[PDB]
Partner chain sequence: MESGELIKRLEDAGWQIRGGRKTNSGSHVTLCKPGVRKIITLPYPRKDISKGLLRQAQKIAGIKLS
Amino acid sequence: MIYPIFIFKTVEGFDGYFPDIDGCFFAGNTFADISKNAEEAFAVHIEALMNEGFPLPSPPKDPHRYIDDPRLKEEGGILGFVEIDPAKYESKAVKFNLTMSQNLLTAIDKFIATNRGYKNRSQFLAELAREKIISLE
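Kindly present the structure of this chain alone in the form deposited without its partner chain.
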């Protein structure tokens, strides 16, 4: 899953933050350091959490949000992208059972096969579940 970052030049190096996550500043000197430095900052503030068993936040969907942000249009900020694998931060898998009506299951399966933004039922219902609970809106 891909999270947004703003990157600013600074005199020796660059400093940046996750606009959608307070208390996540980062820095470094060559631009080749950005994503590495960033995820590490991300992971540090977050280890507070899911040693408590908390979930990764849902990543944003709307691009206009960021293309209209004044910090990018006028104050010289630069958009960047940190890619994260949830399997790495989230623990072991859990397999479990549900019951619902056939016609609903059918409806869901037919929805996934036409949308194709979804590889299976677990991914689909997991995606729907992480945003109701913890969205970055």
Contents of the next structure:
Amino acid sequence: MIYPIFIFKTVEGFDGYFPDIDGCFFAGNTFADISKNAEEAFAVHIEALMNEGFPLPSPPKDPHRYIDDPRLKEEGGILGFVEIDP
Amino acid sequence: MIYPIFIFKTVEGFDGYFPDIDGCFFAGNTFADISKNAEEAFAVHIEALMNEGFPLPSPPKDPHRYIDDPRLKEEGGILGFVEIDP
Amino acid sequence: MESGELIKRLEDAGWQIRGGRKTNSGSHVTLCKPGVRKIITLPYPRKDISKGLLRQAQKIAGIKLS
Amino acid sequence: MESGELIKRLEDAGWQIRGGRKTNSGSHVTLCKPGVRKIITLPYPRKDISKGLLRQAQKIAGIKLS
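Got the form deposited without its partner chain; any chance of the form deposited with its partner chain bound too?
First the chain shown before, then all remaining chains and molecules of the complex.
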């Protein structure tokens, strides 16, 4: 399944988070690096939610929800896509 | 190859274009359509250019170079990027 | 605005339908303009088109947005 | 601000490290805070963290980071 990520430029390369998964952050030096790191972050994060009994995120929303997300505008965020297979 | 894309809302879903590829437009309805349809529009566009023997678009900029693009600000668009490979 | 009206605005600006192309999500229309070595690739058919897209279409093709 | 600095600020705010798992040369740490039904997942080490990330981290942790 294709997931949206919000990413931001750093000195090393990029970092960001899943806008649908509160608290799930990741980073990488190249786009290939940060997509790998994001998948890793995803897996570690979902398993923690399930272990703790916290709400699990839902699949990606309507495109309007991302186009209207002020976090992109605020800090020089870019929308990316990662394939994740649970 | 990494290509920046600009994304805007329609009633239906979204549309947009490749800022580094004049004339290359795409659209869709669901979140999953964004990267998929962007990539198909690219394939259609480049193949047409090559069929006619027209000049190919100049190489794409790094996505973060478009972060302050007034076209995004003026019509409520967001900056994305897709990875394109043969 | 729909795909059809955009295409006719492009024709008004001297562009011509080159042909359709079909891939694994929907179809596309390509256009060309005589004496110009460029292509416009449009998603088709669409019931609505963003002001963002239209502004860029004007930028590249010189259509009226009216 | 480094990954490690951000982690310590979270600990100061009462977030607790649950452990960390091996990764593309680095790792990811998860944190939870008693009474909060959120997880924070961070890559480490990172020499620099974007203001975009920090801003979102502020929202999840409910503190400023500066």
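Positions refer to the first chain, counted from 1. Superpose the two forms; the largest set of C-alphas matching within 1.5 Å is the rigid core.
In this overlay on the rigid core, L79 has a C-alpha that sits less than 2 Å away from its partner position between these two forms.
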